[PDB]
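All chains should be modelled from the sequences, with the hints used to inform the complete structure.
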Amino acid sequence: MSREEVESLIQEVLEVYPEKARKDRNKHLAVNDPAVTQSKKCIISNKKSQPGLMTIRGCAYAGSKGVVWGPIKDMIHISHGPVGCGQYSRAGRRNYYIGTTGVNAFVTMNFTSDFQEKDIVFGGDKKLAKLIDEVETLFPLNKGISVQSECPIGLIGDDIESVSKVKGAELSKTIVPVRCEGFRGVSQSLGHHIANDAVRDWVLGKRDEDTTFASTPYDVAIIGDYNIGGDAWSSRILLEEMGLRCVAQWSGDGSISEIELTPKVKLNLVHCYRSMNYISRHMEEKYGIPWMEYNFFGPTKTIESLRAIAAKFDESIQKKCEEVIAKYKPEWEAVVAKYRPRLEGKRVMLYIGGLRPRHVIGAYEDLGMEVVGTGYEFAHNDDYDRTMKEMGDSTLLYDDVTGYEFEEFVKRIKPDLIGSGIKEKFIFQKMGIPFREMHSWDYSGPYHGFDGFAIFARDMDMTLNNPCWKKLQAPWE
Amino acid sequence: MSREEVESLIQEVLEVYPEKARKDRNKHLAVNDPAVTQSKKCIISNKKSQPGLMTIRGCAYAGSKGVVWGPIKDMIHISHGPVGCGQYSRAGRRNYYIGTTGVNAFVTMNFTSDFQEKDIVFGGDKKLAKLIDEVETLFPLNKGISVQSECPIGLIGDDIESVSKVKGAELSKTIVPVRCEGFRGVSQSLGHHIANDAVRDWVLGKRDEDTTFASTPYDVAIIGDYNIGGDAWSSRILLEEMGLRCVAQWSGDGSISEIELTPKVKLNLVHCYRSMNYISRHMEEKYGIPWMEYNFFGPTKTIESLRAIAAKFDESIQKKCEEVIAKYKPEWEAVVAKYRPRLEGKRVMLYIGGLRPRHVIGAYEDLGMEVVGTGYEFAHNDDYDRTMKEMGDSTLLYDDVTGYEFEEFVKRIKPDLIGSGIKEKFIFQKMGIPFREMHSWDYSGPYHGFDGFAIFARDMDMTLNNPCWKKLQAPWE
Amino acid sequence: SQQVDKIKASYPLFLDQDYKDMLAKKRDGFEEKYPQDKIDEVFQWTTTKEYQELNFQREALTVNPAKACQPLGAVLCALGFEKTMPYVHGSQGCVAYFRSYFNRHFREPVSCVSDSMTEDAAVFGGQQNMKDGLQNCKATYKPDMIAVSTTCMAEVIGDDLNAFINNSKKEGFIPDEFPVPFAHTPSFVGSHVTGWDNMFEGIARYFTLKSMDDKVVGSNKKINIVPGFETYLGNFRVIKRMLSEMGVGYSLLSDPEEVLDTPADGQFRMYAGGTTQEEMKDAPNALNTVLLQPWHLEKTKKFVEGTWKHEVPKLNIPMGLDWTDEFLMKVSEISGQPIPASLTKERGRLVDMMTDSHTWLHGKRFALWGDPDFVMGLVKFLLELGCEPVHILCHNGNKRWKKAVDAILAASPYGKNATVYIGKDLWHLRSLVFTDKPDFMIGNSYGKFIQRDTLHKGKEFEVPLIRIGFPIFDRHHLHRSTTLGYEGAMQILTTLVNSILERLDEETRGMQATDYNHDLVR
Amino acid sequence: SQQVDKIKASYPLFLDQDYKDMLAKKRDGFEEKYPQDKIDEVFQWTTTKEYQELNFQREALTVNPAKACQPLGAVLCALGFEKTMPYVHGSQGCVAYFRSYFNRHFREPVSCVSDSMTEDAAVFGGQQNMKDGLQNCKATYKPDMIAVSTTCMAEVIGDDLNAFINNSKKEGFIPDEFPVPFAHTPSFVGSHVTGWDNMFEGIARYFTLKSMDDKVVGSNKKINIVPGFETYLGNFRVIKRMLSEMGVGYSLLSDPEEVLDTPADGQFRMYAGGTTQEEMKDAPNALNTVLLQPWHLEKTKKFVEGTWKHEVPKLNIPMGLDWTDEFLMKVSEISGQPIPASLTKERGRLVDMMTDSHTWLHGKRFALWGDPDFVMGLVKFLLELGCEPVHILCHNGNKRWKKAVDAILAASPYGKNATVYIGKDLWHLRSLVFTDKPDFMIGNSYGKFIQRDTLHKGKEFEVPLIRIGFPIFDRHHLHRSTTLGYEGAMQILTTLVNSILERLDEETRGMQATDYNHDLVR
Ligand code: ICS
Ligand code: ICS
Ligand SMILES: [Fe+3]
Ligand SMILES: [Fe+3]
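Chains as they are written, first to last, in the authors' numbering: chain A, 4 to 480; chain C, 4 to 480; chain D, 2 to 523; chain B, 2 to 523.
Just so you know, these hints were derived from the structure itself, not from any lab.
There may be inaccurate statements among the hints.
Keeping only pairs whose Cα atoms sit at most 25 Å apart, straight-line, the calculated DSS-like set for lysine-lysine is [what the hints assert, rightly or not]: (1) 269(A) x 304(A); (2) 26(B) x 330(A); (3) 7(D) x 332(C); (4) 460(B) x 21(D); (5) 9(D) x 330(C).
Dropping the structure here:
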């Protein structure tokens, strides 16, 4: 469907760049073909971003502190370095939790060492030790400390591992050093990798010798669900209604004890492959725990995932799964009947990065909506391997898209709706195109599971069919 | 001082008027002489206003509905006529009460007949009967209905007395017709008289044959205290601390049962002589109940009043009175020590119709403040007789002052502070003179009693020494 | 007892234990109060649908009305002309109430006089009161003009204003050249907006009726603007600003913005600004006359079309996006001035705020009340925002206005749940917000009591009040706001969205219970 | 479960019984949570004076700071110039954070680029990144100027911006005449306002240092205005409007109001408005230069006095009555233009509002925080209103500023109970509002958590928050407000008095318990 016109559009958009940038960016733009299984032959990913082209990517500190470690509610996370880093990431991500903030939970708080000139010149190891003592004095109910390194920590010669070991031995407390300096890697994905390495090396093996936890054949762990707006809770309710027991969830509303208990479960249910596959494979190799990916966006994927998960267990779990599906069928059928006629035929172009862009397509298709373009900030080739069969023919694929590129693509394709982050929202609202934040769910949700599908459909309807979009052109012009 | 200067000021102010208005207004302005105990030879009052001179006075409906009958919490007061009257009078007077509004209390509500053209042309007796039926339907916990007439009721020939009699006999309900049409009289004073007559005729004698109430030798009734900012509460506690029992409270936070129980008390304590002297004299004549005026403005007056009241009973009440005085002495002494240095020597002009300008002067002098001019919109000659001995020599007295007159007097005298109503407040704030709303206590208070004295001193200090009054002149003029 | 270092006013002084014991003793001893169980049962009954059915059968009783009487609006209209004293022929209690009522909401001095008619005037009429009052007012306060309205006393006794004023002039009480326009303003007809209309039509007739021979339409190259009963100074100011931005010659009529916003610099100014007599005299020479609030300016419209021969446009109140656009386009067509780029950018910025706040505004349910033009403009704007007006109440509305609002509602999918009520009071609205609960109320300060009642049923039933309209007595300086034009739409949108967000923060503040949704970013 | 007709988002969906049962089982089974009595005891302990003593002994740990890093302010300053791209040499995560943070505050697009330095640049430097980034940015986004700041990465590795940009020019990556001003903005020194000052000084030095020979002071008859780090558009508007009313020629420098307030009309405008390069080049020809926020414009002051030879006046931020009067008088003295009557009337109207609201404002106790100039202006205005600032916190304040604020407090009887803290964070302020409870807090959105904590102690201990400052994330369109001049003071006074009145209504809404003081009129 106009496959040649898409390639022509790619060439005209690339015309602006200088030769080196154009040659680099040409490999990150592709026209989808569902037949192709190896995405490397068409699109290149996980590369450094070209300087000065206004990328959307973050850093490794965002991927480690912001994404993986931050949702752990009962631990205190120290942004080690200058003040800006923790201030910009304080409570920006909606990883929900239950607790008494400042007493036993510390998710929305910003703990930092706040370096000055003297800390840069002479180092900050003694200051880190004094900070750990002060933390132990003022927050006695904390259950662990992580130290997230910012750029100067790596640049200057600080050695936080020795401080962590000495202070942890002194205080009988778990202190996890994370070398998540923002200049490492090319995006948040290296932050995920570093955070998972720290998890295996400092937390995951505390209870290897412990056998006081009572286990059941129906023990599962949610891995890579960060409870954005309550997503993990909406998934966990469906899992428990199926008869399973969810020992742990990583890492939204997560506790350090849940992480320590994870090696005792029978199955790992991985939601975000991209951020947690590392620890999932490590657990499979070390503990013999199988892991499987699942999708809870939209009723179709939810039912498929529930049936596949129940297939891993005995017949009673399968019967309970059938009961759950039959119980929830009328609700999502009513949601479809109410909202599909008002969204049928609409076209969407979504850039989120990570796992979400190919992972929410089924929900859009459940409402009769077509995804004509999709792309990632920091995905790898395996993510695109899944995406190509997830998307339709002659659609646009794009990795680490620039601001200019995405604006030109949106002008040419003219979608009815765009799903992306906070740094594109207002650009495209001024263009007159409805926009939905997909990282934060526009401060709404959850969208996972059957309960979340209703909210998703309501939100898409309310933004797409908003009467404000018919009023940008003044009547006199 | 300078009595001659004050008389010259009076003459120059009067020069503007036409001959008839000047001749009338000259009788209502005077220079005080404390030795003169006959104010009739010195000042004229309780006369009709001069047309077109922007008077401050209200109407008889305001004096009856707004002042006397309105505070009664368990009765429903129907403003009978067009819609304007009750709407402007709705909840504009801070007559405090305890109750559940709309269920058992109806003080802040506006019940009205809302006449249209057809009601004016054909009458409103049938409408009044249907209205009373609807009131009984929708407010079953009301304990009585009063019908306050507005101007057209008296102008068109409506017989509300017969409707009240018929409907009250039909429903076993107390229905009190009040002919308080605004065109009767010259001010709110005739409204007071009419309301007291209605109380005497329809409510007061309902329990004359009843003897089931147990009476004590220490039974008193507070008459003429309308609980502005909880003023009557702050008095009542003192009376209850002296050992007396307060059976009734006319009419702030009052109930119809208290009014009916009033003829069983041993003493009547009248606060406002102007609005309740009529019923006090009637009850002395009919029941042999003595009545006495008291004053709870400022520590000196309240101590004197408590001693005088206790002198009416036996020695135990006197002992309790001395105990109360001793208990409250340190608090008002501390108030004086804090606030007299801030207010010593300041001069005040007052203009409130009725008892408050004479009553407040003792509280003002307790803080070392001099009252240099005072006046009442509706006071009779008996009120002025009481006033002349309480004011200093060669001070200004003025009855039913016009806006022009009061503005010129203020410009010449230049008081430090002015206490009047809401229709003078912004005029004199724009002139740069601190102003206190005496009728509403500037939405503050209470000012009665020992507890009220502290609030009074704090309010006077906060307004008189406000840093805003030093900033009306811009630096470049 | 008081602590001199921390003195308590009535709240929370009367929450002390001694006062509580006193009040309990008083209630138990002498009030004969109904048992609390019976009180609770009766309140619960009053929040039911059966009570609502009884309440809506009322024919004679009005409880908590949402309107005033004509002379208040007449006084407001008279205040809009230069050095004009509002003069009210009748009883002085009316003038006391009008002045107090305007003083509370404005927080500014209001000048108005009465001739103080009494029983004697009720028997023989008010000729002498009129003569002496006019003489005294002119001598004392020195106005350039005296505008005369009436109280219900004078209307019922049938005082002839024209004859009284003429007899005053022929007998030398006031000079024959002194302008004394008059209007009959009966309080048992219409409401305060009707009084504003009557007063304005009287003044315009007085200055133009007998001098129409030399008037040519469009000769002065201006447009007349008649605002109507208006209590937001920002509305006058934004009309003037938008007209000046387009380079349009205009003549605002009955504008009081200066006299109600005088500075505090050590002197009292009784008069300030206002439409001049020359402006009123030259008004028939304008290109056209625009009525900002046509649904209570019908008599003025009749006079302007029949006498001035101006073809008055059919414009709604310039509220919201579409109606402001229509008003500006009509002004441009009448005057021939193009709409400038500054207004286009202002419109775009309003649209930008709409797209920014739509996710929080969408689907919210509102009950609202006020005057007809204001109500219909607010309903139109709410429909533009994707909100749901559920209970629309106008106590002083009529049947034609109700059909117009129904037509507006039918043009949008968001008006499907709306019902319009005319001739209903705030007790009706209390029943409505109990039985069919909206998200918010929009109205004047009298709504606060309704909010209190809903909170008594429970926190989950409380309907917050948003103060837009007249009068507002329990907040300071909200009369400086704007509701007309793009600026007014921006202010209203900000108020609405931040009320929604403030309520959301209130509902999610409980630690470990609901604060999981206590988001930093909204 | 969901009902299709009334769908529930997270609140109150997760208040359902099944979700509560799920969460209870999760907590009791796998969270190993401390018992609720222990949690309550520790929380009560953190509200005590002993905990406060421990809290203020902190030396290494910072909890909940109230400041950001320099490049954020550098980007804000760069955005104020015509067709200028903010370019941040260093790591890209910094730029992502800056853009998202400004997007959440202003709800507008924020354009900024980086050269995306990685581990390779940590040992070889960022020359190649600078060359390629400048070439790419100029080719793609077509700026007229590129303003370069630094992240802490580049600052630690000691990248030489001047050499890098010169080498980029001499090897043909960018034209030699293309303006590329630069500034070193180390995040471990100062805060975001320091970054603004550094960026502005770099731009001014780039455009004026090498062309001072032909410059004559006062030849263009204008006054330069330097606003500093400012996040209220209304402040720029009010400064320009006041200067235009006086008829005073002026040249605002680094003003971003247009690019942060572009309309939604169907196109995206990356650039709009801003200070032109010609204005910056002609700035030394002005009569004088006024610094609106002198306490974070120290380096700019040194440059302007040393190089441009302007006698910069000693002026406070024009906040509140006295300081605005001093600013207006200084401008009149410099320019020779008398103060017009419109500004005199505006000042009088502000004074009138002060007199109207003084009874409700008097004696109220405020804790407050923010940037130094804004904090001191707010403290000055609060003293003018008769209010009592109790806890004054400025995380990025210094000792000289603290001495100045102490001098201001000692000049008023209302500053007797005030304490000024510098270098303290919002956890310190939480201890302060627990142990010495004020009536209200004034600050940015981060204060909401503090309010939540106090409400957890009790309703009688809750300290409401008033959102004035930067950033505000949980309300919409407050960035359009004004806090400068008589118009700015009017808005602040209205917000304060109405917050007080709204709290009072909340406290007296209880039926038959506290509603005796629920007055219609306030
Ligand atoms: S962790 Fe990843 S960018 Fe898998 S860094 Fe990012 S809360 Fe995205 S597409 Mo923000 S790999 Fe989670 C993500 Fe996906 S922060 Fe969230 S929405 S499913
Ligand atoms: S009743 Fe009278 S005008 Fe005696 S009509 Fe008036 S609540 Fe005044 S001086 Mo308002 S004779 Fe009471 C009065 Fe005094 S309403 Fe109050 S303050 S003590
Ligand atoms: Fe005022
Ligand atoms: Fe925006």
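Structure-based check of all given hints:
| no. | hint | in the structure |
| --- | --- | --- |
| 1 | 269(A) x 304(A) | 23 Å, holds |
| 2 | 26(B) x 330(A) | 22 Å, holds |
| 3 | 7(D) x 332(C) | 18 Å, holds |
| 4 | 460(B) x 21(D) | 20 Å, holds |
| 5 | 9(D) x 330(C) | 19 Å, holds |
Of the numbered hints given earlier, the model fails none.
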